[PDB]
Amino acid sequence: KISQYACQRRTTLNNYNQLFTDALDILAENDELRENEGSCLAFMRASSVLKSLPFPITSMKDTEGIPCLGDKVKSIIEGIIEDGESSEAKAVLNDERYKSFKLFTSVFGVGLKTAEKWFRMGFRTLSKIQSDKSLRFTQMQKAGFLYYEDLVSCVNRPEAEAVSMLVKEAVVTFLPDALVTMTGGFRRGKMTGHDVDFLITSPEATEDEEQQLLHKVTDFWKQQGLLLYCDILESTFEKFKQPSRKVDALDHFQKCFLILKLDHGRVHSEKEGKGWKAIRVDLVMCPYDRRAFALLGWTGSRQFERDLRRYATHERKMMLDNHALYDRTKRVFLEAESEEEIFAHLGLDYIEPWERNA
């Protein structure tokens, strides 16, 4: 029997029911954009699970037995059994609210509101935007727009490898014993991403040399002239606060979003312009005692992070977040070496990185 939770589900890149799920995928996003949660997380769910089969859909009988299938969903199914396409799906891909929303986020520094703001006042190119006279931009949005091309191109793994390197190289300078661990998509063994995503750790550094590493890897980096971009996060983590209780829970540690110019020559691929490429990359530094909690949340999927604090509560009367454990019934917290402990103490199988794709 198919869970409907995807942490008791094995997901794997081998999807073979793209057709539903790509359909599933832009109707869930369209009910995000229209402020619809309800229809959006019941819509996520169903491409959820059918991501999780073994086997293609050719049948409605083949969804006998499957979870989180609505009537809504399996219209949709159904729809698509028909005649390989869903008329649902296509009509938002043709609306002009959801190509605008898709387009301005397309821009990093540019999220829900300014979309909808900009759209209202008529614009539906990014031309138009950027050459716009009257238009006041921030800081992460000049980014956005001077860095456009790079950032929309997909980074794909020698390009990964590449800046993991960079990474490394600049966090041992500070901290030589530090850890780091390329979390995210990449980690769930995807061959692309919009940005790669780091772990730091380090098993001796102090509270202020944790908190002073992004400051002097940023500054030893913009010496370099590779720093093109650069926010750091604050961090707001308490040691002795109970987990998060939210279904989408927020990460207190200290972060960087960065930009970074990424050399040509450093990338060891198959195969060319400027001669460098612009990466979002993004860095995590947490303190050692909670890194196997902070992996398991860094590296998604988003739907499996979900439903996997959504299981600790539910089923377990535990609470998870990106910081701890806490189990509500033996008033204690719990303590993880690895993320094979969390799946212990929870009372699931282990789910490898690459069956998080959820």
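Numbering follows the first chain given and starts at 1. Rigid core (definition): largest C-alpha set, two forms, superposition within 1.5 Å. What changes on going to the form deposited in another entry:
- Core-superposed comparison between the two forms: among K222, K99, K72, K246, the single residue whose C-alpha moves by 2 Å or more is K246.
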The other form holds:
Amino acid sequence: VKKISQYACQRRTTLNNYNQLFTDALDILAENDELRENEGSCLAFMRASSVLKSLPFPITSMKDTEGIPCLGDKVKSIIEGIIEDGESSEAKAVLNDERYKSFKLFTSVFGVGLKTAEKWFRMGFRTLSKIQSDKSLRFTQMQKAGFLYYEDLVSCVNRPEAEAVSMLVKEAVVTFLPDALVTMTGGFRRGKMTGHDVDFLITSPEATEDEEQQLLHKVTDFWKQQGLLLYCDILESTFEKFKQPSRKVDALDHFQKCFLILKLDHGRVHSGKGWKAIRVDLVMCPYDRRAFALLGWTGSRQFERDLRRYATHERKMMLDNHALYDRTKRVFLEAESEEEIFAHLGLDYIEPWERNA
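Return the structure block for the form deposited in another entry; the form deposited in one PDB entry was the one displayed.
So it's only the chain below, everything else dropped.
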């Protein structure tokens, strides 16, 4: 009776996936299209996987797919094949493809993305040992850290580790800004038990322009003094309070942020070398943009993209990590909470643990 929306921001997606046999296959097919730079086919498989993740029951026949959006003929053929013998011949062919295998392996290194992975593949590299020992290749500072702490970074961060990191971040931050509000964002805020990193949003209601700018520098210098800072890259803010919206933009938000690798001592974890390398991201935003930043950094990636797609196509609004603009009313819409952003968009509030699209 209730029609499933094509938008992830109009669906409740918890971590209880009843269709993992279908979505694991669709995620592999999407990933292969991402590698082949086939953006359209990639996004169609990501949308199909996302909608099946929201279902409160497992698909057991083709009749069960009736009325479900984002499931076209190609996707229904994949579902039919999995119903047939419990396997996807299409996803199995991708898992055995040499280009696909190399891309997964090379991009598993921190500092290596799609372009460097494609370059190494076309050069004839197939293993990380052959890449690392090559005398002609030159590695970025990020890739050097990626190879040095590879085993720790490839093993994902669990909840006791994320909590131990949260304690470290909070206690370092409130030492320099006692009124600062520190929120863990990303997957762990959505209820995940694991993650590739631990993300935090930091904001302060009373800090000055200089205090706000200096906090990430003070906190990382403090960790450097303790020999806990394994990698650090601080990106200064390019945030402009009244910036013009534009629907053609690239990647990262304009807030001050830092991409870190921290040394997490085993003694700090309440669950070898005695420590684990952990990827940590810290974002500092101005107090009045805290709701937009929290919403953008909570994710999931599919939830964020459908929020923006819904704002554009259904409400003639422009949304990003800093603001919400109404093109008809010609006004920016302010918000003190995520709930107020959802209400401006005319969406029922979706809890963070329901944003696992």
